[PDB]
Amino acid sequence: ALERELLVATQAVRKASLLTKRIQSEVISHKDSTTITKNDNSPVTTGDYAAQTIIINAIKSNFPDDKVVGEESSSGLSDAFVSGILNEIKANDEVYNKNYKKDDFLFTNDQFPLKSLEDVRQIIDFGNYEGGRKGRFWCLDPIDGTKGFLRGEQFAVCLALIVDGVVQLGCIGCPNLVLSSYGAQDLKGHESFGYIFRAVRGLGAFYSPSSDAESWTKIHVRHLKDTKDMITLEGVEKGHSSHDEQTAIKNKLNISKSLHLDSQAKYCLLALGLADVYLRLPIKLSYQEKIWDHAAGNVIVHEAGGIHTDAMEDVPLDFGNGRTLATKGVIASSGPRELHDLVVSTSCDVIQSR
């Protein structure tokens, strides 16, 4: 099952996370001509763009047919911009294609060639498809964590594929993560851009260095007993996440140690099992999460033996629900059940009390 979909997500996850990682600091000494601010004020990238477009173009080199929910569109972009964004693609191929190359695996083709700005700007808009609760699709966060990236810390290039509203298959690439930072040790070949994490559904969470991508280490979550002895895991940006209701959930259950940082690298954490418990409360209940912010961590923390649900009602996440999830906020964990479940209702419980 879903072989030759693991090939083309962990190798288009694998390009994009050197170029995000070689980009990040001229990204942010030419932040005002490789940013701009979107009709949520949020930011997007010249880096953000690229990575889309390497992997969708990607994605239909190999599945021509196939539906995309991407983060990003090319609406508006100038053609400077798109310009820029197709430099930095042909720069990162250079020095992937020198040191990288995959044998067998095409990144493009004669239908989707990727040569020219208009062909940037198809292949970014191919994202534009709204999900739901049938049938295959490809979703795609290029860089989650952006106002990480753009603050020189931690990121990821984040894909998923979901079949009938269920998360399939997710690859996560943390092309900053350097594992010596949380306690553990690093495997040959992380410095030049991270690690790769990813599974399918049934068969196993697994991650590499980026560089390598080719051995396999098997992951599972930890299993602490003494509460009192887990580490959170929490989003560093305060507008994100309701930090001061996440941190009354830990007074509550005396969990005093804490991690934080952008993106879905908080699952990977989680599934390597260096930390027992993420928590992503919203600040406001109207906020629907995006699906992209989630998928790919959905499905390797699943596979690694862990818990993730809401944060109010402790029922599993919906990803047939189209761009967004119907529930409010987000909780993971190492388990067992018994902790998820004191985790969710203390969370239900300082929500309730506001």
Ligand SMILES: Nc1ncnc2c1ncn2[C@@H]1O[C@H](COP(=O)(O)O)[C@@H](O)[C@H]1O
The other form holds:
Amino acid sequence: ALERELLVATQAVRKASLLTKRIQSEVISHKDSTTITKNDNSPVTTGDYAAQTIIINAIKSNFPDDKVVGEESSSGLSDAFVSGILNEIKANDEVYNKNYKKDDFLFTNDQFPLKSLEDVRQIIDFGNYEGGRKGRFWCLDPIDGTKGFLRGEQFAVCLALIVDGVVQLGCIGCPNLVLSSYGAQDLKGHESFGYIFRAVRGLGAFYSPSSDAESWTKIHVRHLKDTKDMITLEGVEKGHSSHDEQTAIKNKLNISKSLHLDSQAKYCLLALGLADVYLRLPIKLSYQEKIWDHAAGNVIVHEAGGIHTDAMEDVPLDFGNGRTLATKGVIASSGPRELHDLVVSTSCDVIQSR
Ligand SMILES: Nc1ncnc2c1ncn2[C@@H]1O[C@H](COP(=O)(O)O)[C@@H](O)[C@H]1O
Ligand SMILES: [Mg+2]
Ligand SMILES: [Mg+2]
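Cool, the form deposited without the named molecule is there; where's the form deposited with the named molecule bound?
Now the full complex is given, and it begins with the chain already shown.
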């Protein structure tokens, strides 16, 4: 089920994963001409746009009518900037086609050739769908955790397919994820551009070194019994979640181990069974989480046997509400239900105690 879509997603993320891994230090050193500030003061770089261009152009070459909700827009980009996006794509093509070309797979075609600056603008702007309750659409965060990317640390390339408001397929590239950093083993070929994790609803969750992406290894959450032995997953950026209220949850549950890292790589480590609880409580309750920050991990965690809800009500996340989630905060865990509900009710109590 969804065979073609899974192959398209996997290769699109794979090619964008090599580009963003390759760019990381060039964008950092040259963080005066490749980094733009958006209306909410968040950063956007040549990497974010190049990854969006590669993945939407692969989607459209294979599925010409498909709808895409992508984070970025080309509005306002100068020609000079868009020439830099094209150049990075072509430079990545020269490295990528030497080693990793996939037989019988097209990233571009006659209709969407990805040759000109106008092609780049058009492709980026096919990500302007607003989502919603009915029908099939793609959901894309080209670089999830751009601040992690700019710190030379973790970031992810995230794509999902949503159908009738439910995530059916997810694919997350984590180009800089080294599993030895945590407590685990790294697989053959992980060093060039990290790992790809993926899942289709009902068919399990799997991963592979990005450079391979042919041999897939099944993953599953772990099942620890005592919260005192568990490990939390939290972001690094203090403005993305309430770290002090997450510390209160940890103290109440006697949790003393925590991993901080940017992006939906966090969901991948939960799905691999390397940590137990992802916490993301909101500092301000007016914030609405973007669907592209959670859709790919939602199906991956579900298929790995975990649970995924908001941070207060303990209800499933609804990916049919448009570009954002109407609930407050996000919490995911290895389950079971008793563990998950203990974490979420503790979160609701801490938030209500403000
Ligand atoms: N005020 C905020 N609250 C929650 N998430 C945010 C906020 N500002 C930006 N983000 C998201 O944080 C995501 C990365 O999450 P993370 O790396 O886990 O901290 C980005 O893709 C942004 O959409
Ligand atoms: Mg951004
Ligand atoms: Mg992003």
